[PDB]
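This document opens with one chain alone, in structure tokens, the form solved without this ligand.
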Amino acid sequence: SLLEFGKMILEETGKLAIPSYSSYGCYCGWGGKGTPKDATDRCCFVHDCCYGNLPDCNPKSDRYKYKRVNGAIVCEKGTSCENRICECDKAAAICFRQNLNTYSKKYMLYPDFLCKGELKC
């Protein structure tokens, strides 16, 4: 679920998902079009694609379980949708951690008109 993803993001990065990642660049929190602005925005682009691989799942609301094996995120077995959603979220949280070194506050509340053109998954 979106709330669980937000908690995962905070655990991983020390940033609150809202507002650090809820309106960032062209793809974080409301992705759709444009060239991603930086590596963090590319995490969101890929995460959006990942959810796109699951048209008959409901990633905003469906809850999954996971645990930590010494820092590592381990998705625990639920329904097929839950497992796949968890793997998408895990990847994005890791990606955000890997790209904290270039996170830029200038991309928070990034305006829609600067995000043009479709980029295929």
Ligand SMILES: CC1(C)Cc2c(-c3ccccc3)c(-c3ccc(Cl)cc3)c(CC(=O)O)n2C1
Given for the second form:
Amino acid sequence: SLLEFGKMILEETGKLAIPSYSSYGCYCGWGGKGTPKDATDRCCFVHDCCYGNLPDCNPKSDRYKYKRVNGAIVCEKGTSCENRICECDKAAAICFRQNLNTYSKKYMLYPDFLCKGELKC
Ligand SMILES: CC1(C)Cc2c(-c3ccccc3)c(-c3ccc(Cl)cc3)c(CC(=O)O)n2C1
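Having displayed the form solved without this ligand, please output the structure of the form deposited with this ligand bound.
Below, the chain from earlier opens the complete complex, with every other chain and molecule after it.
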């Protein structure tokens, strides 16, 4: 759920999910349209697609367990949905960390009309 995801992001990047990643670019936030603005926005695009492969699950509210094994994120065994949700989030946290160097404040609170184009999962 958003509770585990936010904790994961904070630990990984040092940034608070809200408002660092909740209204960033075209995909980090509600829905998404157009072409991702940068690497960080691409992370959210892929994350959005990852959740999209889980029709019957509820990523926003289903809680999973995870632990750190010397920095590494390890998803604990739970329900099938919980395991898959955790893997989606873990990937996003790592992706955000790998692209922290290009994170740009000009993409915070990005205007909707500037999101134009198409990109399929
Ligand atoms: C789909 C959203 C646009 C709606 C939403 C909430 C949200 C919260 C409450 C009620 C409605 C929506 C939170 C969110 C919430 C709380 C924390 Cl601690 C972190 C992130 C996040 C960031 C994320 O995890 O992707 N989002 C993205």
